[PDB]
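Peer 1: Starting from the structure of chain A, add chains B, C and D with the ligands where the hints point.
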Amino acid sequence: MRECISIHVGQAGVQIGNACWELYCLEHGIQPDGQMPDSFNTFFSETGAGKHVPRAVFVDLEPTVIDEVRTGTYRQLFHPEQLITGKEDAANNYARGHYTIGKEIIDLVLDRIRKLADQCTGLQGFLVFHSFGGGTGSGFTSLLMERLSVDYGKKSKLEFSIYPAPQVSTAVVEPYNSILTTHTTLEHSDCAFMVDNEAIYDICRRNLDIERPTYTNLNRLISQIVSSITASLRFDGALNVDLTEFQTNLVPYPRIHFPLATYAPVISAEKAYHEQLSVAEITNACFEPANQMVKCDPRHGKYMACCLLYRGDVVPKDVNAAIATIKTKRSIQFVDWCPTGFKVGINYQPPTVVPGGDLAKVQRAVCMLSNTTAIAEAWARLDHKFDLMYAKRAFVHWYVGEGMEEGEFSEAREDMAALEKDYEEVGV
Amino acid sequence: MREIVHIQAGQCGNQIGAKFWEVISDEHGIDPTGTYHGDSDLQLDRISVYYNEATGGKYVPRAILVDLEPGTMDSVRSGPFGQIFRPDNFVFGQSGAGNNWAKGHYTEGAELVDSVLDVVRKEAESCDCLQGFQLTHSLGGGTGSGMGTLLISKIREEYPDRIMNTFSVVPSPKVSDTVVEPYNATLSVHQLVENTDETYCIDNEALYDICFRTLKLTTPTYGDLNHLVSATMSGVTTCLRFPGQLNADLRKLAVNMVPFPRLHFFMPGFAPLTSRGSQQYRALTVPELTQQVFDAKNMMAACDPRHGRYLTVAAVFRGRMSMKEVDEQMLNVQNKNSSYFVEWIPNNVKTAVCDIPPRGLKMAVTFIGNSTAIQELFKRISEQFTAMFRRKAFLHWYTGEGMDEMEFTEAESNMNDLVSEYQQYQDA
Amino acid sequence: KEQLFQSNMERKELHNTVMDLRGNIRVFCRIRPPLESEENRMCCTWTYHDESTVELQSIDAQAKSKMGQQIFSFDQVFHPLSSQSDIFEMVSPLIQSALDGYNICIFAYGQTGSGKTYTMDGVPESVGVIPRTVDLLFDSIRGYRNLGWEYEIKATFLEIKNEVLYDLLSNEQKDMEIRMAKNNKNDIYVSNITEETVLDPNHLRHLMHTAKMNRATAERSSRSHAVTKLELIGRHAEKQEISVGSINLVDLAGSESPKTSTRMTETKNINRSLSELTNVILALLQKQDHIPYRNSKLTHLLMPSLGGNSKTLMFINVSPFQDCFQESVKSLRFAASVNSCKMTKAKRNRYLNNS
Amino acid sequence: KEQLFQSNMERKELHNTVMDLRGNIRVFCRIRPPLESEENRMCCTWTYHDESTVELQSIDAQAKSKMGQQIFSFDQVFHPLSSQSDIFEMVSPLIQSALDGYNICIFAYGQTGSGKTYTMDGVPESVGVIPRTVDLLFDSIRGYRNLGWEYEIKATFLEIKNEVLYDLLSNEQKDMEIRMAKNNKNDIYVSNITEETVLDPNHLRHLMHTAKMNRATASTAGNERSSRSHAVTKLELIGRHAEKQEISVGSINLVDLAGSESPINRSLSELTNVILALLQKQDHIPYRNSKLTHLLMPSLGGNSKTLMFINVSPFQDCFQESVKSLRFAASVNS
Ligand SMILES: Nc1nc2c(ncn2[C@@H]2O[C@H](COP(=O)(O)OP(=O)(O)OP(=O)(O)O)[C@@H](O)[C@H]2O)c(=O)[nH]1
Ligand SMILES: Nc1nc2c(ncn2[C@@H]2O[C@H](COP(=O)(O)OP(=O)(O)O)[C@@H](O)[C@H]2O)c(=O)[nH]1
Ligand SMILES: Nc1ncnc2c1ncn2[C@@H]1O[C@H](COP(=O)(O)OP(=O)(O)O)[C@@H](O)[C@H]1O
Ligand SMILES: Nc1ncnc2c1ncn2[C@@H]1O[C@H](COP(=O)(O)OP(=O)(O)O)[C@@H](O)[C@H]1O
Ligand code: ALF
Ligand SMILES: [Mg+2]
Ligand SMILES: [Mg+2]
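Chains as they are written, first to last, in PDB author numbering: chain A, 1 to 37, 47 to 437; chain B, 1 to 428; chain C, 325 to 542, 548 to 684; chain D, 325 to 587, 599 to 669.
Extracted from the complex, chain A is given alone in its bound form:
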């Protein structure tokens, strides 16, 4: 039983996990109580009674979100033991969540997760949901990720955070949180997935064609993304590939481990009639430069990996033909020593959309986890934002006054610079 677990921390983490677990209970025919009126054993521990408890733990330093999910329809879904709650948010400080208040609940959550691990038969990895510029999503998550790497290291620590947007910035100190968590994540992350806000806005604007979506829709898309990611574990496909192969398959180098997601089809209910939904056309649509979840121009970065995940009645012959055709495209770019990077996650378990959601019932769906040098420019601009904010040492008093120093600020900055050097040297 390739059983894996997930943790959800911070408002992004908890809501995204909420979406993920509502979708799993729906795809598995699981009631909010936790029973199906085997396949699902990887994520749902079966109790003595007719109940399948999710193998997830929601942890936050602020009781509001965990309180609301306790008031949500899925309190009976969750064993109230997992809902570890703090008292005050990380005040948008990596300093806090990594040095001040973390060292007081990390032991509790580690005991929780080791209890789940000993509950688990064959452990696969970890799914941490959080932010990057958020305080707890940087501090607390860096603390956990290093602590778990100390605990296991061998397990597949799959970090699934949110990449901050270039233009729109809800908080004001995001450069600090981002540079600090990446300083403490790069050396112990198997691979961290990246999601942006502006791209999801553009997708729901021009592809889903929705003018006013809430975070619920963003999280719905994220939930479909992870469901397609994990369908290989949850279901049998023509070619099943799991998370363990992902480390070697995606990253070409130990440190270049930041792929970006992309979902397809991303059309609303109206275009379902205007489309006959071919595998080739969605195969092209997922590769187009306005369909990715990260604000970059993929035509401007050599690709290193494109893990394509499929679901539904799809034959590998036409998929092979379509990917061969896309390989013949001129705009698409690759590196030298990886001229055959097309690994496919074909599966014959169709996706199911939540009732009351946005996406229509599509016989086939494809998600690609692109990893390319195009995100190097986004990294460069975020590092530039951090460098300019730190130039006049604005705001720095809070972080230094919750356990931080400028020396490792500059160390993280030069680590970002070395990351960019790695990016450009892989590009050539």
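Derived by calculation from the structure, the hints in this document are not laboratory data. The reader is advised that the hints may include incorrect statements.
For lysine-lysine, the following DSS-like pairs were computed, each having C-alpha atoms within a straight-line distance of at most 30 Å [unchecked claim]:
| no. | chain 1 | residue 1 | chain 2 | residue 2 |
| --- | --- | --- | --- | --- |
| 1 | C | 390 | A | 394 |
| 2 | B | 379 | C | 509 |
| 3 | A | 394 | B | 324 |
A short list of chain C residues far from chain B (calculated; beta carbon distances all over 12 Å) [said to hold, decoys possible]:
| no. | residue |
| --- | --- |
| 4 | 465 |
| 5 | 567 |
| 6 | 617 |
Sample of chain A residues at the chain C side, in silico, Cβ under 10 Å [said to hold, decoys possible]:
| no. | residue |
| --- | --- |
| 7 | 284 |
| 8 | 367 |
| 9 | 371 |
| 10 | 409 |
| 11 | 410 |
| 12 | 411 |
Cβ coordinates follow ideal geometry from the N, Cα and C atoms, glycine included.
Peer 2: Chains B, C and D with the ligands in isolation, oriented as in the chain A frame:
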């Protein structure tokens, strides 16, 4: 649960606090008696940050009423929502500081300080977790100023961790009401900036004109002005006391809006300022609201933004609103008001949508901007100071109460320093 | 050979004269003899290019890849075999200048186990800068008494901790405030300070003993700031002149990063001190028009030492071990930056009592 | 030997750097002690503030309260007890800088009888700046002989009285013009001047004695010629190092300025304006407005070092000019 303590000082302070608690009781459906009778359980649940339950649904507001003239509290008792308080809280003297700050800090206030401090710290220990102190006061008279200064000094010397938040009423530039109010305000704000971390500039003529024209009012009674202040203060913390899609608290407003320690004086702002019956000449909606919230027509001081730059802004958007439109609107106002906008600090905005709207009003927002325009107010205050100082104008009242001009000179020097910081960061 | 010895002694005296007369701060990097326990635990490599230049190569693998030739040239670099006299030899002209009527401040920058108390206090074994400075001061006092100058010594002790000022001499809890004097805007004093008049070196030794006993009573010593203000006034009855000078003995807190073994508020105050000092010194290097001198108590107390008429000393106490190599190199960078700094010209104050 | 003088060369280069960073332009004040023929002269109340500041005060109480503050700060203050060695201690670094290829200006400023001639020329009993400078220069040349350097001294003596230059080394009156140097537009040279080559201190002593004799000094004999003339002594240094080349050329300009008392002031006012403009970092300096300033093009540049001595007579009748001289010095120190 991260509770907050409420302080009263001066007649204006007591009155604004009275209307404020009336507003909050309206928010949570609380009868004037103290028994809960609203329908929204959610407000009642989180009511512990303000209304500490005593017995059988009778909730005592966490209120401390401090004064030296018993008339104000006598009016409160006679007035509605006065008896709702636990009568132990009405801690007041008898003599009266007589609008003399030295009297308010070394005479009768200097002995009532302990008799109020006992109650306030007993209430604090009665509460679980604490955030800060809201000195709902005025700088007009000497009483609510002098004892307020002494009390914040005591609180800071005993509690270094909390984030106090004084809603100081800055004297009007023109409609002066006290002969020696400049000395009172200067001495108070000396000790404030010595310890405090957030004040505000409210001008009686500012609200006078706002209700005269924006609200189409003909009788600007202090009822109207202190009602506006109540709504503003209520919006300051509705993020903490209520759930939201993107929740904030006093900590957020404390650690984001201060690039520097001293530079911690603020300007609030609220919308919509609909007149009595203006529902027809425009249609209520959040775009027109955001348009009419950032203009100098809808500020709170006489510090015209046409001479200053918004260093940071912290729009909260209490209610239900779209992040997309506010992002576009802040970008556009950045484009147009860039001249009146800190070029050195970009991406300065703090959208913190909190779900619940105010009573009977679908949309609401509380502007909180760190406009670099207060230095004109401080310059006029210091000019009044030195003009009254060349002849020591009516200084005998202060000097006779064992006080020396050394402190006046230092306070004036420190206000000149504050003006220097404001201009030095407005131009730079 | 006698002429050679005279030339050597005069050359050494001239070198001391120029380096002490050198503007701003006489940044000194002292490397204490490495502790055997820490030596066998982990140590790095250091090379002295000259008596005033030090290079901590450390010959590492990853640290060397990040930081290689860490050669910084200062005014004076002390070997681990250097004695106490080797560090008091150049402080003696500093005390002479202080008694001449100049304000003087002394700093010791170092982490836990650096040997800062070995510099000032001197450790129970051997003596430190403080007692030898007192002895030299009293010897010069008697010499100037033979010259006709009558001098009085005033001692005030203050400890700075977590924004709360503590009187090392009095255990009673008192509200301490530091304010500029009324006579002049530059000199700044502290109110309600336990101030005594020194009668003899024996009384000063007893006062030092009881102050250090309270200090030990008050691992807080590793991470606390104490300020000693020795004000001297010299009257000449024949000349009717008064010479006024001050000595500021300040021991900074440990510069170590928060890491794990540290409490919140003490770390926060250490960060306040170090960050504000770095900001003000970088503003001074940037010849900024306004120096935000009133952000922290540490810089506001030493306004004459930092922004007034005084000469300041840097003692860079650095553990020569690799386990603290990051903090050692950061402290060396700070020392180089403050060596590049400049200070207002030293001014002697003469007060004629003719009126 | 070789290493010794290599370290000496590095030390003098660093000394030149230090002098450049300090500001080069330094003002000093020296007060002449009263003589046996001036014991019945009314002096002034000299309150010595420091070694860099002094205030002069009139004895007359009627005017004492009507003058306000008369305090002036300098780089160094020399009291009557100061010997010529103390004055020369501040000149030897400039002599070294001249040895290193920099142009040095030595100026004595003050009224008639202040002691400018005593400051520069001095007396046989107590030699002035010039003889000590010559002795130090020859000793330094003897030292430089050890490192291949061959130094040759070219001394030119000239006098400026009414914006007309006269040669003091020859009685053959000619017309001499100050023109730009052939190999350097910034450097200057004067035609028809007798440029003797100095071999030993005796030769230069004879040259200066002959120049003094041919000058026909009348500073006290009518107060017509010497009291209103500038005694400019120029010493050219030509350092030549063999087997390595890289020659260096320096100049020593010993100038004895004329009387600054009220009645030519045409050269003195222009020199004061030039010095003030140099202190103000002015883009254009009115160098060509006077013969004395026109002669001193290379010696008043950025790398050039200028030294001035403000001699004041400690007498009540000399108060009115002493205050003017100290105001001129305060125009430099502030
Ligand atoms: N897509 C999406 N992003 C969210 C959601 N909630 C919060 N975020 C992002 O999270 C970022 C800030 O981090 P948060 O999770 O809100 O805060 P935190 O990690 O709990 O730590 P604090 O900053 O102290 O509150 C913001 O920029 C939001 O865009 C959500 O529901 N959906
Ligand atoms: N917002 C508001 N301000 C008030 C009101 N009444 C008075 N003020 C202002 O607050 C100040 C009150 O002075 P105060 O400190 O209370 O006098 P004291 O208590 O006798 O020392 C005056 O300067 C007024 O400008 C009110 O009802 N609302
Ligand atoms: N030159 C030295 N000789 C002998 N011991 C030293 C020397 N320098 C430092 N030490 C040792 O280092 C230790 C540091 O103690 P202390 O000076 O009190 O703390 P800190 O160095 O943090 O100020 C002392 O116990 C002392 O034994
Ligand atoms: N210190 C002194 N002791 C004795 N005589 C002096 C002293 N200084 C100057 N004199 C006399 O002054 C004369 C020199 O005149 P001086 O004042 O130098 O002319 P000038 O006014 O041009 O400087 C000499 O003849 C000498 O006798
Ligand atoms: F250990 Al020491 F100060 F640093 F006491
Ligand atoms: Mg110590
Ligand atoms: Mg003469």
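Peer 1: All hints, please: hold or fail.
Peer 2: Status of the hints after comparison with the structure:
| no. | hint | verdict |
| --- | --- | --- |
| 1 | C:390 <-> A:394 | 24 Å, holds |
| 2 | B:379 <-> C:509 | 23 Å, holds |
| 3 | A:394 <-> B:324 | 22 Å, holds |
| 4 | 465 | 34 Å, holds |
| 5 | 567 | 37 Å, holds |
| 6 | 617 | 10 Å, violated |
| 7 | 284 | 54 Å, violated |
| 8 | 367 | 46 Å, violated |
| 9 | 371 | 50 Å, violated |
| 10 | 409 | 4 Å, holds |
| 11 | 410 | 5 Å, holds |
| 12 | 411 | 8 Å, holds |
The structure is inconsistent with the numbered hints 6, 7, 8 and 9, although it conforms to all the rest.
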